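Before any questions on binding or motion, here is one chain by itself as structure tokens, the form deposited in one PDB entry.
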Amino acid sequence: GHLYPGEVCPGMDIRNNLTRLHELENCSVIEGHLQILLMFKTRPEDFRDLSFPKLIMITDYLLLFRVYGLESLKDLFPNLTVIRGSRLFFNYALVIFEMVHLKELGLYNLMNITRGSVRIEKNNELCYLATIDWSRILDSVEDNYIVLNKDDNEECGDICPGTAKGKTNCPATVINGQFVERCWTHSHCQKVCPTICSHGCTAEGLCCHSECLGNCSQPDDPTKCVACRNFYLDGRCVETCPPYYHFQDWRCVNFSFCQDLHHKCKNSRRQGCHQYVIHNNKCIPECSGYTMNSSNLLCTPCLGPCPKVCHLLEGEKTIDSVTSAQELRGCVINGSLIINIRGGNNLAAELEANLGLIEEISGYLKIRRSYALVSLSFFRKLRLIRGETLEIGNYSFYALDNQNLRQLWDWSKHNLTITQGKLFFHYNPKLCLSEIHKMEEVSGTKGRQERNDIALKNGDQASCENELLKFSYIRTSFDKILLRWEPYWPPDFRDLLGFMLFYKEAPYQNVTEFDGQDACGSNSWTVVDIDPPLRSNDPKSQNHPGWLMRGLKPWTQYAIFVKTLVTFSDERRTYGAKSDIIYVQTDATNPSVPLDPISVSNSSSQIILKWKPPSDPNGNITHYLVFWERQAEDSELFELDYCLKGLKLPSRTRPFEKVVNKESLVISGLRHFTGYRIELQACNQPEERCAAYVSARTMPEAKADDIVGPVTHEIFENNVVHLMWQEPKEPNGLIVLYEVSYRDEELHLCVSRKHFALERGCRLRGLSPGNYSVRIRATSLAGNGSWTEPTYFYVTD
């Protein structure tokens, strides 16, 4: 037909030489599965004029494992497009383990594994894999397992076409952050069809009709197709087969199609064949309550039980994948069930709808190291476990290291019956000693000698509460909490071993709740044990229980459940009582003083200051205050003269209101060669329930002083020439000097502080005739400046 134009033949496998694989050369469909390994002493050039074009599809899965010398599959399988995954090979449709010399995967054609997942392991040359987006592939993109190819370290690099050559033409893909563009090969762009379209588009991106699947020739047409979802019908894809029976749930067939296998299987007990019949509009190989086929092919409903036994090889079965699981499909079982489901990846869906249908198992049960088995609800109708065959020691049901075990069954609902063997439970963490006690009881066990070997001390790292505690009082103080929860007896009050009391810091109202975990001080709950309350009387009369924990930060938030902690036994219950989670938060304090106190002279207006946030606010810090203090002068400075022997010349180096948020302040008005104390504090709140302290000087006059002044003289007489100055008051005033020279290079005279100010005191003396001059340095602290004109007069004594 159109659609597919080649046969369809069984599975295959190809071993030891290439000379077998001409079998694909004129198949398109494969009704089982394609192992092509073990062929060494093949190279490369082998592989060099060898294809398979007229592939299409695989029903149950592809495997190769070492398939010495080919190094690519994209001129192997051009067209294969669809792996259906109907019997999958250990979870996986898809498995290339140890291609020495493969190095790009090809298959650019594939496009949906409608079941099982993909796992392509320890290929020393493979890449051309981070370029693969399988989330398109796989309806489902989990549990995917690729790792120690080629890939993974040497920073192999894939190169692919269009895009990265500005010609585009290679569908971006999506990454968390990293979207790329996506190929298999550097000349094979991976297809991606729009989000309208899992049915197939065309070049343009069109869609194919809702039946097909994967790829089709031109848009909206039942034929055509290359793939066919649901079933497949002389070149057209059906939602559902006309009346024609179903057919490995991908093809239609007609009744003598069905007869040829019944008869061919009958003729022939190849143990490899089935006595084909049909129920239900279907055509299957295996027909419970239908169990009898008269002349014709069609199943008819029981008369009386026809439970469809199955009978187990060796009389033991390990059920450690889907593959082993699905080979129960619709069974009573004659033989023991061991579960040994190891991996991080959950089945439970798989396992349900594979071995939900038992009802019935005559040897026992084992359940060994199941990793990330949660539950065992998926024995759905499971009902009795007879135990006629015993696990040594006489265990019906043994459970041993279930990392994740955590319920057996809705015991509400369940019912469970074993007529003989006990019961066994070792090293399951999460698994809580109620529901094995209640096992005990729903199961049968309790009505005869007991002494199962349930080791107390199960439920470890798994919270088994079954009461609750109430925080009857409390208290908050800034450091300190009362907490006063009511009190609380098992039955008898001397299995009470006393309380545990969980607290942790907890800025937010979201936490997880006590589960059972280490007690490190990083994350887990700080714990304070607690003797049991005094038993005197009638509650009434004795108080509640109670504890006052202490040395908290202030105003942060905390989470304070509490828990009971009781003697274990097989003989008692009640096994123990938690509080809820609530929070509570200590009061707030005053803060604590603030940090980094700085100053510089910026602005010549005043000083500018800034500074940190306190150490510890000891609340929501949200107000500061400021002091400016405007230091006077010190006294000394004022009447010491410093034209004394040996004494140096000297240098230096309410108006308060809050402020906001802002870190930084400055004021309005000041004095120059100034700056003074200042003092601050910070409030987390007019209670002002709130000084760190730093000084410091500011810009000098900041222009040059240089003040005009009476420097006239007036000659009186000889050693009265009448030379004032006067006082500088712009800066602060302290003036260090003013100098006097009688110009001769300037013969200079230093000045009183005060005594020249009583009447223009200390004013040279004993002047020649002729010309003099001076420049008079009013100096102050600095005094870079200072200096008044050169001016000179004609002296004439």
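Here the rigid core means the biggest group of C-alpha atoms that line up within 1.5 Å when the two forms are laid on top of each other. Numbering follows the first chain given and starts at 1. What changes on going to the form deposited in another entry:
- For the listed set 371, 478, 411, 97, the sole C-alpha moving 2 Å or more between these two forms on a rigid core superposition is that of 478.
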The other form holds:
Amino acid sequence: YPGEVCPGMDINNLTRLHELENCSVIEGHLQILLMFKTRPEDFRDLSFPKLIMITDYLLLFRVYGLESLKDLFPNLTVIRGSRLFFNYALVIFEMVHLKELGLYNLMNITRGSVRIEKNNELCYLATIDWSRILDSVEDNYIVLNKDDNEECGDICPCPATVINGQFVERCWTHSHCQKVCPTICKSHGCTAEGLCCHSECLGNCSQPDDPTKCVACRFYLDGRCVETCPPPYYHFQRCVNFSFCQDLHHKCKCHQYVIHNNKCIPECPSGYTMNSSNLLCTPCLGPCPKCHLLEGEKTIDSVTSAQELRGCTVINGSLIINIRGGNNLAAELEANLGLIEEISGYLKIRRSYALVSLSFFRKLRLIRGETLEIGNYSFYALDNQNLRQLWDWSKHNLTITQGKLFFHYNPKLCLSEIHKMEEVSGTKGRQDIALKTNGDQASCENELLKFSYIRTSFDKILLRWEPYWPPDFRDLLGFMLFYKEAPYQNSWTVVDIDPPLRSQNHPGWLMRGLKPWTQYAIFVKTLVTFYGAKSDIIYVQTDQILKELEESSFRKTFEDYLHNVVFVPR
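Switch from the form deposited in one PDB entry to the form deposited in another entry and print that structure.
Partners and other molecules have been left off, which leaves just the chain.
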């Protein structure tokens, strides 16, 4: 490494950026912001080629004249993503004259996504393949740039891969392109001749098959990278020795520091206590969970908000899950705030579009409720479009001391699961629950419609299921069958069927239009006026309209009225 180790920094004046001159690694984050007076003649002759590694994230915002990062960051190779910026490890925002990215040497980002948006000159964007840089591409958001109503042509200087079946050349700048290394080394890094360096290395390296000649690696001790640091050196966020952790602890005594599991971490984990003799943390018989919240409030809108509660066990305040965007954040949410058994306050879920379940509270025992929402709610829900399941009630025990539940608009959440809460939580009755907005588009009809007869032909199938009748048989408007040529057991075709006439005239339908010797997946579900039943999906191989509801209700009303009048008791 041609330089020392730097902390993160935020750079008005461009001359502030000179501190990067003697730098190799920034273990924090690099933010360059709000130079409103610079112009490209201040960026022609400023280069920092000895920057090796960025740990957390790189953000550039409102910089005038930075048309390319080739000079600034020609050797920045890995942005790992220990600490993110709203689920993102690379954010470039509202750059005015940036047209070409330029950091061709960047290889991997271990954890995170990329946000490049509202950049009015950047165009070298469709030619960078992020599958070779990130593990996921469905989370990135590049939305508004120069190439939303225009194309610069993307003049390549190089490997090509498919977008949607068509191969396109992948390039970085006018003179460089992406290094799509072969799968022989998945991440170790192929060189010019195709040889790959040692497994404990990421991206780029000098001499193949050597732990020492690498520049970026998946720990690192001294001029070489290893899978685990040697016994004399404890792990870091680096492989540091006894000097580093004690030096930081004495400098603070601002974060304290503790040696634990051969890893120098800031604060002792749950149930572990510190003795002043040595920085090793020992188990403590006295219970001691960790999280003080200023103003007693914390809105979990991203990974960064969730990450401040990592290893947390007791929340000394309230949580407001407010995830937006539709991105699957379940795994990260569990990994961050899944250890919080106790929460001293109220829990709220507003406008969580992506949330399909709250199981990521894998250990959640006691919601206390000392402080409550307006209207005195200790569990709340509104506009959770894709929420269909709370904690798995078969094996999860939850306790709520005070407050009442609330459920306004959860279109895919069944009322049965909602009602199952009151039995287990302990709040038998305290209510708030809108019956026509929970599960309104859900197919969670609890009753079972068992199949009875199956007869398959070369182009047709014959189905017959056990009769179903609600307590008032006039409520059964009819039936609805669905089939679809499913490729494996792991949209449907909706049809309408009239109800059978009682007497049993075993109800069923005669399948038609099926192709020979192919499998089909099917189920039939009732429609009723307000119950409801569905047939469990079986597999077999081929060996403005709401006025009709009003008409049926009217038909019941007059027949009901006639009986009430013409039949009189003695």
